[PDB]
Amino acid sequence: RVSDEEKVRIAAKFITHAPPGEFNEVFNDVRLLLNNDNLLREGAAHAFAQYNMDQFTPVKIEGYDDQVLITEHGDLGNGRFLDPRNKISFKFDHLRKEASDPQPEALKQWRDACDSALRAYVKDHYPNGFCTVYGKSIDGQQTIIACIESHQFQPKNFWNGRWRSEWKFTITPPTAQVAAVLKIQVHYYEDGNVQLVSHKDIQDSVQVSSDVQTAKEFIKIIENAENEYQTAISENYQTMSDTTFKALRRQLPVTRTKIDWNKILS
């Protein structure tokens, strides 16, 4: 007799660790294991929201053209998230991934120039990317937070993948400090199972001037770091294919031949 509290806790742990594009399959597994739908839907509510904000889940709102990302920076509380591009707030069901009740809503000019330059960068560099740019003030320091998401779900070919980047620009003119994290997660499971998880931290600085110029300098560093990150990932695969994989098991013994077993036994 597992307590309801421990049931919810373990269910929440599983949901928050679902691979991208596999939330529904993990949820359905957890639902049948729990055998108590009302407990799962009420107890694990925070886990649903945590997953969407951690995953930068893109969401289409009716009446507007490009999607908005569910992030911690847009969390207005009470189940509402901010669309800073279309200047609206909306209700969001974290379980069904559906937005509703679009309702209209100092640094907006700076947030707008960065969003315009990021929107184009994403359309130029990603197959199906989305982005959302925020503007906040932490301990008096004006901060621009840029978030990018791009995923490909192909469960018919037994794989899913997602890219996430988050860029924070702390505006202390004439300098701007850059802190960022880039994240990749891939799951391939045709007659087997493999998962890639990767992240990289970025630290940089920027000279501040006009909003339009700084927006171009902001996106250029984004473009440089993300290009370098993706290229390094591809090149580190080859490094893995013949250095550290070799460290776990060789392709052949040092003799460059397969083992003579009769010699082994005698």
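If you superpose the two forms and keep the largest set of C-alpha atoms that fall within 1.5 Å, you have the rigid core. Numbering follows the first chain given and starts at 1. First, how it differs from the form deposited in another entry.
The residue among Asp54, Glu42, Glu235, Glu228 whose Cα moves by 2 angstroms or more between these two forms, once the core is superposed, is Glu42. In the core-superposed comparison between these two forms, the C-alpha atom of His17 has shifted by less than 2 angstroms.
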Given for the second form:
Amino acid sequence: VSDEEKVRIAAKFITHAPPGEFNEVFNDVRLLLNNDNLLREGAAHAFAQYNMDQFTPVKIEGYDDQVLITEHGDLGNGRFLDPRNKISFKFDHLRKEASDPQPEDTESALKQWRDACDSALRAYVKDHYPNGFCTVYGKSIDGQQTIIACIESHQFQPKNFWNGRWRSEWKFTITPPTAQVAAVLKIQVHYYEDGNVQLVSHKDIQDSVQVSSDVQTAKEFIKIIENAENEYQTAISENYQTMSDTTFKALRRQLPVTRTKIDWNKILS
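Coords for the form deposited in another entry, given the form deposited in one PDB entry:
Just this one chain is shown here; partners and other molecules are left out.
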């Protein structure tokens, strides 16, 4: 196995760290590769990739509420955009710290829509998530005016050997009188007290909404998001119940039909 293949594997592992365990996974891989130069040069991308993939929320000094690190905010040169506070900031992927906030020109013909959606979503997120954060981007892709709503929520409890994270990304492609709606909802949970058990799930959403006033549409968008996310959470709950009451039970009995543990001398006859 070549050094190039070793570092590709190292980068892959790093990018597959479960939520809240990036440092542990990074350290393991670093000690296994045992070549800091190779790691630096061949897995440099892996830190940024992971953070943006995970919608890592970061706190900026002087601004309440946090902002999500996502591909949509990547300003290059190690800086990221906070469309709500109209700022750019430096972000260190390794130390996961923001620094050097600077006013950033955010003006756009999407400006007022991004803002109406953002204020509505922020309220939706405070209500629906215990530890939620959201970042809404307004940009033109392929000339099409698009609102990109990103939601993150996590609960890290390494001391109880578990971490979990929700991520949702909603894309509204505006084409009056109708907006095209695409979304990906994701959940990952990791439990590892004397084991390694993980829930991995995601659902793709495809839909459309009537577009009207800036304010009314925001209401429409958030209503779509709410119905979809509740539906998904409900379906997940339904799967758990079915896995518990049907599949798990059928895999192994609690006790043999005798309703007593096995008499092993008998079995040996």
